[PDB]
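*Asks:* Take a look at the letters that make up each chain.
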Amino acid sequence: XXXXXXXXXXXXXXXXXXXXXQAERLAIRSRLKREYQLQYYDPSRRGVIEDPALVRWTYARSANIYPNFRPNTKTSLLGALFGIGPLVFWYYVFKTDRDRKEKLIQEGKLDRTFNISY
Amino acid sequence: XXXXXXXXXXXXXXXXXXXXXXXXXXXXXXXXXXXXXXXXXXXXXXXXXXXXXXXXXXXXXXXXXXXXXXXXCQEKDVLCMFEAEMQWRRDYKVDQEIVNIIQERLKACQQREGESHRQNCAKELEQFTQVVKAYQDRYXXXXXXXXXXXXXXXXXXXXXXXXXXXXXX
Amino acid sequence: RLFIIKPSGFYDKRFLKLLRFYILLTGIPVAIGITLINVXXXXXXXXXXXXXXXXXXXXXXXXXXXX
Amino acid sequence: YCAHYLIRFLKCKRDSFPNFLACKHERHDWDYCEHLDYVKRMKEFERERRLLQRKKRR
Amino acid sequence: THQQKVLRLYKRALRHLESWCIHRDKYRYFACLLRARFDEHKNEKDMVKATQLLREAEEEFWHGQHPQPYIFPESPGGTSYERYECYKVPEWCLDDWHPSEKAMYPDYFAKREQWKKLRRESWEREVXXXXXXXXXXXXXXXXXXXXXXXXXXXXXXXXXXXXXXX
Amino acid sequence: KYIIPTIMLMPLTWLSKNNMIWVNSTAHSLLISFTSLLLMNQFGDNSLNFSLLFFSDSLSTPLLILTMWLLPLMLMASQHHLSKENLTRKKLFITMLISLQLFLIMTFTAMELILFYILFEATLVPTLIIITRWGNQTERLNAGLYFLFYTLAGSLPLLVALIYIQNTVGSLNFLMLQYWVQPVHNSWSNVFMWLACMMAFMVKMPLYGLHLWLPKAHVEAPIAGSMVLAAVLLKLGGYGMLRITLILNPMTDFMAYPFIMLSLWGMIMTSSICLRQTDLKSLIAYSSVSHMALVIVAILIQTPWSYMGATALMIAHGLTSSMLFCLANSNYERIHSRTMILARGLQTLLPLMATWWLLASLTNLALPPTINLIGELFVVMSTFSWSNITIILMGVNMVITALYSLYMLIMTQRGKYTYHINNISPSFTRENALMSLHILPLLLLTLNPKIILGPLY
Amino acid sequence: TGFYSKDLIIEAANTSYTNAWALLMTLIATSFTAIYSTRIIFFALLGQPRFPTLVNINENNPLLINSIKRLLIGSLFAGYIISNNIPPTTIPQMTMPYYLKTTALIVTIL
Amino acid sequence: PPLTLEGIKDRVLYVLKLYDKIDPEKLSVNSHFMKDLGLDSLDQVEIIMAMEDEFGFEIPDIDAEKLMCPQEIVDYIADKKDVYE
Amino acid sequence: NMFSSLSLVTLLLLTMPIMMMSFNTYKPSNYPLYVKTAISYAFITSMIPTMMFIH
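Residue numbers (this note's numbering), protein chains in the order written: chain Z, 59 to 176; chain G, 6 to 174; chain W, 83 to 149; chain S, 14 to 71; chain E, 6 to 171; chain Y, 271 to 727; chain R, 5 to 114; chain D, 38 to 122; chain V, 1246 to 1300.
Hints were generated in silico from the structure; no laboratory data involved.
One thing to keep in mind: the hints can contain errors.
[Claimed, not checked] Derived pair list, reagent style DSS-like, types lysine-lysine, alpha-carbon separation capped at 25 Å: (1) 37/S <-> 10/R; (2) 95/W <-> 1272/V; (3) 58/D <-> 103/D.
[As the list claims (entries may be wrong)] Over the 12 Å line for every Cβ pair with chain W, so calculated as not near, a few chain Y residues: (4) 275; (5) 524; (6) 698.
Idealized CB from N, CA, C, for every residue including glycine.
Next up, chain Z with everything else stripped away, as it sits in the complex:
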């Protein structure tokens, strides 16, 4: 997704609220980096580190399936039309092609004379 102008450096102000906003971002950034620094720079470890953020990322798709979906609303029915719907779409495509083929075999032959495979 893209707008009329690409967002990279558009609309920026110093102010007072924005100055403290960058201070909030660096506070968590440095906190999570130092616990990595204490784990990386020692020979006593030998192994793969866990990281709680990455495990929760995999847990977002593998789990949290049935805890969700409790508000179905009209959004779930629209997804059903995009799933079960296209299965019914080809039913009026493959049958019409087969009825075109079956009529040709009995009357007015269309199949090639040099055909033997299957």
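Assemble the complex: chain Z is given as a structure, and chains G, W, S, E, Y, R, D and V must be docked to it using the hints.
*Replies:* Just chains G, W, S, E, Y, R, D and V now, kept in the frame of chain Z:
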């Protein structure tokens, strides 16, 4: 040999009249490589063929013919059907490779003429069209997977069309 | 001169040596398989006479190892 | 369409040998008959254009 | 910070200039023209007027923003070998090497063993020094430098030592 | 010849001393698998019965050889696991594989439907105990219950189906006797007769609907990766669809028409999800749905060309997906998590295993004729004779077949591995041997694939 | 070696019952070849050097000389060996000396 | 060709001497551009870009403010590109 | 007869480094030069049947 038709004989003779040059590059390389390792390969093949001496004749091809057709015996019984069903499957497996020989006759025509392609031959073209059309009608090709019991119904379907069309005219 | 990047290598190169040692150990019947066509005759195309249908090998063409 | 002069080009190609580029006498024959054949095809188109002018007067 | 935002845009403007112009002598002509434009507003300090110019700096620059800019050689992102040419080998794989093969060239193995023994002893001292820094949360922005001179090694030891060689 | 030496593996593991066990179970199994290829391959025009109806001959089943191929391979990758626990626990879960091997031989050999049924559901019992124990992650029971209540819910209708046929039309037994079968008249009472025979095999061979049986069994890992190879054997264990469709209902294909359309959408939608998924084992689990969906399409066409592609794909998938799961197990034993993004680093840390990663991935695509080109392409060629529209849908699937393999490669082909410190040794001598024992049998099938596809071939 | 490959197609294309818009579009592209070919010479090779880096070494290696010089035989004698030896079918050059025959060469010049 | 520690300092000083804006006699190597040399706030970004063109082109936006002295800039460029062993 | 025999030689020459790829004989630093020497004689063996085609 015998079964495969092919061309009778090829001409292939060089004249070489225009330009003196170094005779011919194709002719000089042919004479040189014939005695270089081609003659040694012919000598080694003859040395191994003579070393065999004693050889078994062996039966190779098996007989077993007819033993009552499937369209003669009826009603569900293992004693009569099993010999009939083996006969139809024997014919079906051979007819798969009968077409292959006739197909290879058309393969031989394409290379030997090249520029002519469809302008000549005609005999191999007519032979292929007659067999494949008969293979399509008689040996399944439309009536699902291979079955001897279903084959009699396929033969009856073609026979019903012959009886209905001729009666009207 | 530099110490450079280090891999395991010792476990890796040993497996390829241990694999090929058992290919070579059963590479002898592969070498015999070539001489079986060379020394012993394979097959000749001939019409069968009514005397014996099957003896040792019933119907086998090409390679003595097939019989 | 050319037939006669076109067959002469194959005669040079039959006894071509190494350095087969040196063949101008046979190549000139193909540029003579086909040019006359293209002019004959152009003459048929010109005859149809001349016939349309005479038919419009009547 | 106001000072950093001007410098970041000015660094980009010079490197984006050489994409439009072909010759280096023509590049120097336009470089002097850019200096005269920014020095007019740099003389006086403003809170409203200077910030208005910063948002105005995005315009004109964005009108001629994509002529496929040059990153020259190995650059962060861009084009032509960003991570390529340097495949490299990790330091963990070096100690993983099996005997017999490790016996070949013993000068590289013995020198690395001496550095590994020094890194193991300094790890206990570095852990206490890292938590000695006044914050009482975990960390603030960047890692702190060493205060002690006798023990050495400023927090991380494997950060600079053993990286990559092309 | 086949059964009895397989049964003698049970007293072998128990009588042998605690220091050995694994040496006896693997070596003795390899010589029985050699003798299976020695005798079963011999056949005439129509494949003649072996003996009395207890275990019979093979007509169109070279898939028995695959079960004999995995017979030692289901012990090689399970060596990393089970070693930490008790010696009595080790012997128990080798014998559960032996019991699996005992019942899996019986399914493919015995030319039956009545006694085949009590061997079809009999494979579910040892796998249940295998899945419900040794699972490192939780929800073993939310996969263990789903393992039975998908299969048994569909397969118990065979009791009201198969017995109903033998009570009216002679007897099922030999199948070589089954020519008494008259074509179905096609009525509303005959609808549930066809559905009950199909729905049993609609679960084991995964579609678009009722397909969630398979990913739950794969993601929630039983033991390491060697038991996941037995889960591949269960997919091809429902091979009776080759036998039922041809013999029991030859005229009935009008009711097959909606089921092809279901499996056709179980190709685009099943592949789309197999792209943005997190788990490394799950990206094999959903690609195994679509690869086995190709077989279900081929069966319901009933053309002689389609069964050639059907029988090929049963062996093709049985040694390519199992190969992929062994590679997933080799990363699971080192990183201790099945996450694709976290476990990142080939060639730099895993120099020789990366070439095995390439050969396994490309076999999912149509390579030079190994088995999958004889498998997949044969079905696509047969679908055009059914209807012209098929290849417009089937061609899109051929694009996303790369998107299983290459996405598994690229997301591991980054030589970063900053967070990971483990995986010091790349692969043990047994671990590299696992990868060779899956691809090299398929590389030998390049010369002669006659023993890879044979329903009247 | 351009006339023995590129120019033979352009001369043959003009004498056909085929699409006119497709024929006109190919004629612009034949003249368009001259732009990007000179954009290797005039833009980078020709004129004042851009100077990519301070102290840059560029030298001819023994492996380079044996490769480029022996490629020159293939790039010059291609219109002598391949075009003459291969037997052709139907000569295309006959009609329009200025409209069809000259247009292939004039497009490269213009 | 490999780069030397003594050679890299001489190469950086040679480019700064021909800059015309800065005096060749006033600054040598130890003197910083921030206080000793007459350089503007916008002038430092132009001088750093020209130095990257001669050697291996690598200049971070965050690290541009930290580097000012010619002795410090020569050490920062050598360490990032891996020089002197 | 020579046309059929010499045609397979060009196919076999390119596969000979692949046949010697799987250990076989030890080749240090000579393996990049071995590819150059294999294709060098492959060109000469391919030139003769093309000269035969003109004839």
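*Asks:* Would residue 698/Y pass as off the interface with chain W, using Cβ distances and a cut of 12 Å?
*Replies:* Contrary to the label, residue 698/Y does not stay out of reach of chain W, its closest Cβ about 7 Å off (not over 12 Å).
*Asks:* Examine each Cβ of chain W, and state whether all of them lie more than 12 Å from the Cβ of residue 275/Y.
*Replies:* For residue 275/Y, whose nearest Cβ neighbour in chain W is about 23 Å away, the distance exceeds 12 Å, so it holds.
*Asks:* Take a quick look at whether residue 37/S and residue 10/R sit within 25 Å of each other, Cα to Cα.
*Replies:* holds (22 Å)
*Asks:* Given the proposed pairing of residue 58/D with residue 103/D, does the C-alpha separation stay at or below 25 Å?
*Replies:* holds (22 Å)
*Asks:* Please confirm whether residue 524/Y is truly not at the interface, meaning its C-beta sits more than 12 Å away from all C-beta atoms of chain W.
*Replies:* Non-interface label stands for residue 524/Y: nearest chain W Cβ at 44 Å, farther than 12 Å.
*Asks:* Going straight from one Cα to the other, do residue 95/W and residue 1272/V come out at no more than 25 Å?
*Replies:* With a Cα-Cα distance of about 17 Å, the restraint between residue 95/W and residue 1272/V holds, given a limit of 25 Å.
Violation of the numbered hints given earlier is confined to hint 6; every other hint is satisfied by the structure.
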